[PDB]
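Student: Below are the chains, spelled out letter by letter.
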Amino acid sequence: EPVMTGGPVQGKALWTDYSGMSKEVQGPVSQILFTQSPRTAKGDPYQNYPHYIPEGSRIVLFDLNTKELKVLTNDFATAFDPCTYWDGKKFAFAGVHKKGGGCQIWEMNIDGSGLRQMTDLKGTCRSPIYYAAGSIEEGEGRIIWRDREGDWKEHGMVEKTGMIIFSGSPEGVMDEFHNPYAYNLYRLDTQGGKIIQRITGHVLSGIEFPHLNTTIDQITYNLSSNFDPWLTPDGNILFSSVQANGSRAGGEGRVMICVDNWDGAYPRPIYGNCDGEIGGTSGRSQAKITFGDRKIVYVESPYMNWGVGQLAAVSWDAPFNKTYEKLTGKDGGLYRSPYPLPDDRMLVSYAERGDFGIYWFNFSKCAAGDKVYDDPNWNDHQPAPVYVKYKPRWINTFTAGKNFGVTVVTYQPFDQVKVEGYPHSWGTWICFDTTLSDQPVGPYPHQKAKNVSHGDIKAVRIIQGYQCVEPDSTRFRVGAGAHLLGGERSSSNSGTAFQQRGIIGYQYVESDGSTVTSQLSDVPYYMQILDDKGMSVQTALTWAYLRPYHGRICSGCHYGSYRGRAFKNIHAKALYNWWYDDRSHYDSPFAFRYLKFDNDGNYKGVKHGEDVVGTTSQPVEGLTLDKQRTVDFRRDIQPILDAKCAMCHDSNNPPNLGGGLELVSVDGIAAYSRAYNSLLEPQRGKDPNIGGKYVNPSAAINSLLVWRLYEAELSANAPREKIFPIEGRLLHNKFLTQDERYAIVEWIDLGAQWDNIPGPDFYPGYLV
Amino acid sequence: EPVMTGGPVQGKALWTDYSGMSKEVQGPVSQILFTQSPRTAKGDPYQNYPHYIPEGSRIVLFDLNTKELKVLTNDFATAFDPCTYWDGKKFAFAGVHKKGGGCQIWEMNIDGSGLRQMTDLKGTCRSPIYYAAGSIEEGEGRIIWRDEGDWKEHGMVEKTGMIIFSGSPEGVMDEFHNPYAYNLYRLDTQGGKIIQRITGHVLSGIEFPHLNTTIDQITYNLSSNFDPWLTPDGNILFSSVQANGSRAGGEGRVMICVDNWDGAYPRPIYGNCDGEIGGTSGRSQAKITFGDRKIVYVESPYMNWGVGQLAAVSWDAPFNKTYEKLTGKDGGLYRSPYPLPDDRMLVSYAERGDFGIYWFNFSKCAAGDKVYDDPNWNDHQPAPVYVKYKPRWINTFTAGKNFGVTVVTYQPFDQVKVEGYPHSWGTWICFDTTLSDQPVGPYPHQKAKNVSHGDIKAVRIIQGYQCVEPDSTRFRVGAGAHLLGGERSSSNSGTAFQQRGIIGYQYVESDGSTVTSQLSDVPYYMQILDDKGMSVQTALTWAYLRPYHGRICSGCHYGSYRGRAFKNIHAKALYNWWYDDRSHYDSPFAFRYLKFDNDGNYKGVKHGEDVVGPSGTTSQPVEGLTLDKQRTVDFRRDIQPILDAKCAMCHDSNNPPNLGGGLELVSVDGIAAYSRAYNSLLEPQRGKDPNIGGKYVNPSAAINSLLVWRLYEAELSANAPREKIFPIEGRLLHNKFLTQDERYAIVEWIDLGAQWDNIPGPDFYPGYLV
Ligand code: HEC
Ligand code: HEC
Ligand code: HEC
Ligand code: HEC
Ligand SMILES: [Ca+2]
Ligand SMILES: [Ca+2]
Ligand SMILES: [Ca+2]
Ligand SMILES: [Ca+2]
Ligand SMILES: [Cl-]
Ligand SMILES: [Cl-]
Ligand SMILES: [Zn+2]
Ligand SMILES: [Zn+2]
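Going line by line, the protein sequences match chains A and D.
Residue numbering for the first sequence is 28 to 175, 178 to 642, 654 to 808, as defined by the authors' numbering.
Residue numbering for the second sequence is 28 to 174, 178 to 642, 651 to 808, as defined by the authors' numbering.
I should point out that these hints are in silico values taken from the structure, not numbers from a laboratory.
Check each hint, because a few of them may be wrong.
To be verified - Capping the alpha-carbon separation at 25 Å, the derived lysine-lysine pairs in PhoX-like fashion look like this:
#1 A:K355 x D:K69
#2 A:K597 x D:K762
#3 A:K479 x D:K479
#4 D:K477 x D:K762
#5 A:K726 x D:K351
#6 D:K726 x A:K355
#7 D:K317 x D:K116
#8 A:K762 x D:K479
#9 D:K50 x D:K317
#10 D:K317 x D:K351
#11 A:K69 x D:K359
#12 A:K597 x D:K726
#13 A:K69 x D:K400
#14 D:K69 x D:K97
#15 D:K116 x A:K69
#16 D:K479 x A:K726
#17 D:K50 x D:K149
#18 D:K69 x A:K359
#19 A:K149 x A:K431
#20 D:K762 x A:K479
#21 A:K97 x A:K117
#22 D:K597 x A:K762
Sequences and hints are given; from them, build the entire structure.
Tutor: Now the structure itself:
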């Protein structure tokens, strides 16, 4: 049947219509695959989602007719997350074998034979899916490349099995909630790099598994978990992303439904991350799309880390509030792992009182319909019916994986590091108007601290987030700053919800508000727009990432060009600063290490660092990771306070800046110094996520401390009712030089941390 | 051991310390009572909480040593909510007899004998508890009263106690349009003779002669009040649903609060205010620990759920700083916690979904060793047997319905049947109406502008009408889903505000103090008004006065009833309250109308037609006690004709808003409820929270409404409805189109919540019909 578009004949669908062709190619459903889990907190740890390793679980095949059940995973200690192939004769899953090796990705035929290990990783792997890239039809494709200046010739063939997109986490890392996992999406070459060689002309760059004949490449760099990938009708990857960055979303964060390319070139939000939307802090997981009405249907859990909950839906074509539905939707139990069929039916895992089973869903009654299978001794979930899957279109990839770009002219793969000689992979990004936003003027860091027009935004600060890695368990403590702004998300490293960060660099902004820059690739980052004093007016709280050689465009600053609105037609100066030279990949300037000011401390220009190192016409700066600058309170700030402040500020004259770097014990926890505790102290009647008495994290322009150091009213948000005292006033603007003052500014805009150097270091801190 | 205070001997507690005495008076526990429910949506309907009737459930007794189990309730088809007596030889519960009668309150001995029926109520009853009032030590007690007069003993009554339970009538809808509205009832077990012992007159209320019991309604909330329990100082701890109008993001909140056993002084404890933890989470089954004095309650993910995690806040200082999460790291579901004087606790727990009884572990922040878990039953509501210490009983100044008790001679009196008043009445006073912890903001529970003393001229007093729609062809839920109300709208209104009317207006003194006499035993709230007669701030909640009672507050949500001590204030209203010895109260009754000057500014207050056996027990004219004659603003009867006369001529489809078409219903998404003008005026605006307002209308703030802004042709508040308000080109002055009465009729309509059908039940005025 036609769905998205009309077909060749009445009642028939065009091959371009994914939904319709899926309807026509489905066929009768007889057998289904699903996961049976032990009923235990350890057997069904859905409270630890996305990190879900239902130890003791198995994958089973059930016949809807003969009612006979077969266990396919008997050789596995744990097995889960089944996903069938296109033909339905084989399927991929996640699990750990009895022989050991950890939780990995495997695939096996539907009859139970032909087992193969797709991943050997240090970490845990989950939820594999098949993405057919360069394989639409069954057979062998041909590999062709250029002679390096010769012609294009054929070399060899490859069986077309496509790729595998999965979610996985490394070993010994912490997310922004300090959970001991960080998940991200990986693309996997099933043929050992030769699929990517067929598509590109070079084998996949990434981590190679020659013993398994596979290769993996990390396509998503988010500092928190990205999980449960699926397929969009237009051939992209649909998944759930945790946006936890700093104090955003009331210091809670949100789990959003979003999509990205299979190489991770174009991540964009679908629903759930933006203010005014529905579900709040609810967890959103296991999202899939209906074929008939094209509905994104997902599990909405009451807790952000829960994998069980209700079922909700939003239109795929129009993911807005107007199309939001709560499917189930009341009485009285729990739902999980929904699976929409092309014939418009649906399979859900339902627990009426407390124990899950496979059930047909009923849309008329808004609840679970007739029963498929339930064992009382098992929790039955993740139904995966056996049928024929129509392959979504595969999108062209301009990256060969790690360090590897593919030119737009000759389409020839190139290594930016090993060959071209760059210290690190580097992409570019461009914003056509930095002043253009849908956000109002407000106290919160993601909003505007003041009205800004074209010319008011002088530059932008680009910041890289650092993963939280703490091998030594004696030198790190979570909740050390609970008395400070951070609360439960604070730690030995920071008294705020902001984890460790560093400055990628500064880039100037044109008089029309446009900006473009070259910077590091495959690293989590975000930006801040700056006024003529070099303070952040507005912060983008999220983790952006660039694949090698990839540019990224946006109309505005959270304007809707990547969310709900069409791109605005804009003729921008930055466009001509991007690529003008024949001999270059990109001619855009790299992020500068410093800024330079005038006498007053107003913005003058950008200043090169000493990190400067023929495929680009501009000085290459800021690609060396070991040289990347940050602002540490102990190394940078505290000495300034000891020199020019502590003398005049003691217990009698608050805030108390004295005592040097000596740690102070609060609630039996010694983490920070006196000055840090004083400056990070909360204020009555003020949201800690906004800031404290003297400090607003990731807004310096809103901070009382900065207000006093400049002795001016900097923003439209007053820190308190009485800022400057009437009598006894003393002007603080002459106490510091521009270097020290702007060092404090940078410290606050970075999130006002304590330890900005990842891992245990020599500088003072928590010890037990 | 001593807890709150010190004892006479080291290691022992004073008799004034409740939590201290309870540790000694408890005794060993060899047996427990608990409820077993079938595992089904209809067998354990916790999703419909508080309205919970676990059909097919039994109450059982279990010995912790001999491991024996016995079914006491076998005569009942449905039985639940166990509560043990003080000695532990008997208990009370909610049950459905196999012979019928509905779900009522019952009590029986621990052995299974002595079955007695407490409630015949037409409706549902559950969660009964014992409150010992005039009963501390076992025995009989005296009944004394006065006839020139003396105080004579008229004989005795068994001292047993009172029963506080939750109950709801039938054919009734709450603010969420659920088919139940619960409240709290006090019950005399001796047939009114215990109330006669305390007050000197039998309890007035609904009488149950054949059961020898009497009931009185102590809580008038339009939404459900449930799960009553005991405070260490002798009050009633329970859960309250505050849903009123668009309150709290339009979804309302479920708060833990306390009230006197006669319902004289309800006050919030935790969960109802901005900044507090838990949001829209349900808070139910709240109990208090003896050792560290912690309120421990079930925090449900969903507002209507009776299962969830376990949360706690200190009873002594119920604030965010004492808040903590007791559970949740195992992913299991908890319900029905029961703290012990031994600093132990019994919890109902389903790890992977079979609910059972478990000993709680505080060191693990989760459930401990198993007590009894049957795979075939949800095992919950554990109620261990032991001797319970009795909380203090507070003096009641009301004998129940229509009955007050004099503060001078302490003599019960009937305000209606005897004194000749149309309805029972009471008083309330605020010392400063301009005093608040709330900032200036767009939301109706905040200030629309800064107000000082003298800026607040008067106050509007509004009575909430319960939603009763027996005929299903005349009423539809979600008729206004395209409007501001959303799914909480109905055939009655396009907003979340249900039907209500005007109790009346009362002037405010120059210092911000106000006091008034008004109806009692009815739900109501107040609005402070500026010199144009518009609400600056609305109190969104449901307040109720017992007969002859009166209630004081320092300020307007200043925190005198929440987290702050009363501010010392010498108020002008204090001298307008009771100055005469021959009167109960000398304070003025709520006036029906207003008087304005030629400028439209507040001149004063005006008497209505309802003025009234009657006796000389008050100095002021009696106004607004007739429920029949209580005035409200209805859009069809009042506003629409004004719109047709003065408006619709220039407003058609080509000139928004479209006010034409008369009262003819407009079908929207297959539902025809309201007219064209109503649909137009209640239309939402892009980028604006509908909980605040729409294009032309902000419910329960007229001063924030663009329509009113234009009708007065001025900027009324500090919250602008939109960026472009007054056109610079082709503008037309709208201020002289209406008289003062019409314009202020619109103002009143908007301040009331901008309803459509304000007349409860099906009427002759145009509306939804199938
Ligand atoms: C080193 C550059 C610093 C910093 C960072 C601060 N001070 Fe001072 N200070 C002094 C006096 C007499 C006052 C009170 C009078 C007035 O505020 O004008 C202050 C006040 C502050 C504040 C404001 C605190 C508040 O209002 O709550 C802040 C944030 C602050 N200081 C920071 C005196 C001196 C002084 C001479 C004795 C010197 C040197 C400093 N201060 C240095 C610093
Ligand atoms: C013809 C003399 C009119 C009468 C009778 C009424 N209105 Fe009117 N209205 C009229 C015009 C020409 C305009 C254009 C805009 C302007 O401000 O002049 C309006 C506008 C309004 C508006 C503002 C709509 C908006 O800005 O979105 C409102 C709220 C409005 N009119 C309401 C209104 C009411 C309540 C009337 C009866 C008292 C009424 N109008 C009569 C012309 C005429
Ligand atoms: C001004 C700062 C910018 C600029 C220059 C860019 N973005 Fe966007 N961004 C911005 C804000 C205020 C937010 C939301 C912060 C919060 O706490 O909610 C975001 C967020 C994103 C996201 C997350 C999804 C979403 O919120 O819509 C993505 C994805 C994203 N930003 C991408 C993006 C792109 C492609 C840009 C072009 C270079 C870009 N940002 C620039 C503000 C700003
Ligand atoms: C100005 C209007 C008043 C006055 C004259 C009184 N109160 Fe209070 N009240 C008020 C607001 C704005 C709110 C919160 C509304 C909301 O959250 O949407 C309340 C709330 C209450 C409550 C509910 C519990 C709580 O919020 O603390 C109770 C109970 C209560 N108010 C009682 C009360 C009493 C005893 C008063 C003395 C006459 C009183 N109110 C006056 C604002 C106002
Ligand atoms: Ca099952
Ligand atoms: Ca460190
Ligand atoms: Ca059980
Ligand atoms: Ca009616
Ligand atoms: Cl944008
Ligand atoms: Cl108050
Ligand atoms: Zn957003
Ligand atoms: Zn409140």
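Student: Are the hints correct? Go through all of them and say.
Tutor: Evaluation of the provided hints:
Distance check on the hinted pair: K355 of chain A and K69 of chain D sit about 22 Å apart at the alpha-carbon level, within 25 Å; holds. Among the hinted pairs, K597 of chain A with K762 of chain D is consistent with the structure: their alpha-carbon atoms are about 23 Å apart, no more than 25 Å. Of the supplied pair hints, the one linking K479 of chain A and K479 of chain D holds, its CA atoms being roughly 23 Å apart against a limit of 25 Å. Taking the CA atoms of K477 of chain D and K762 of chain D, the gap is near 23 Å; set against the 25 Å cutoff, the hint holds.
For the hint pairing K726 of chain A with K351 of chain D, the CA-to-CA distance comes to about 15 Å; that is within 25 Å, so the pair holds. A threshold of 25 Å between alpha carbons decides the hint, and for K726 of chain D with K355 of chain A the separation of about 23 Å falls inside it, so the pair holds. Our distance criterion of 25 Å between C-alpha atoms is met by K317 of chain D and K116 of chain D, whose separation comes to about 22 Å. With a C-alpha separation of about 20 Å, the suggested pairing of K762 of chain A with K479 of chain D holds against the 25 Å cut-off.
The suggested pairing of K50 of chain D with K317 of chain D holds, with an alpha-carbon distance near 16 Å, which does not exceed 25 Å. Between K317 of chain D and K351 of chain D the CA atoms are separated by roughly 19 Å; this keeps the pair inside 25 Å, and the hint holds. Distance check on the hinted pair: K69 of chain A and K359 of chain D sit about 11 Å apart at the alpha-carbon level, within 25 Å; holds. This hinted pair checks out: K597 of chain A and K726 of chain D have alpha carbons roughly 24 Å apart, not beyond 25 Å.
With a C-alpha separation of about 18 Å, the suggested pairing of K69 of chain A with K400 of chain D holds against the 25 Å cut-off. With a CA separation close to 24 Å, the supplied pair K69 of chain D and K97 of chain D stays within the 25 Å bound. Straight-line distance between C-alpha atoms of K116 of chain D and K69 of chain A comes to about 42 Å, which puts the hinted pair past the 25 Å bound. Taking the CA atoms of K479 of chain D and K726 of chain A, the gap is about 20 Å. The hint holds against a cut of 25 Å.
Our distance criterion of 25 Å between C-alpha atoms is broken by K50 of chain D and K149 of chain D, whose separation comes to about 40 Å. Between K69 of chain D and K359 of chain A the alpha-carbon distance is near 13 Å, which keeps this suggested pair within the 25 Å criterion. With a C-alpha separation of about 18 Å, the suggested pair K149 of chain A and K431 of chain A falls inside the 25 Å cut-off, and the hint holds. Between the alpha carbons of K762 of chain D and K479 of chain A the distance comes to roughly 21 Å, so the proposed pair stays at or under 25 Å and holds.
With a CA separation close to 15 Å, the supplied pair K97 of chain A and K117 of chain A stays within the 25 Å bound. About 24 Å separates the Cα atoms of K597 of chain D and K762 of chain A, which keeps this hinted pair within 25 Å; it holds.
Hints 15, 17, counting from the list given before, are not met by this structure.
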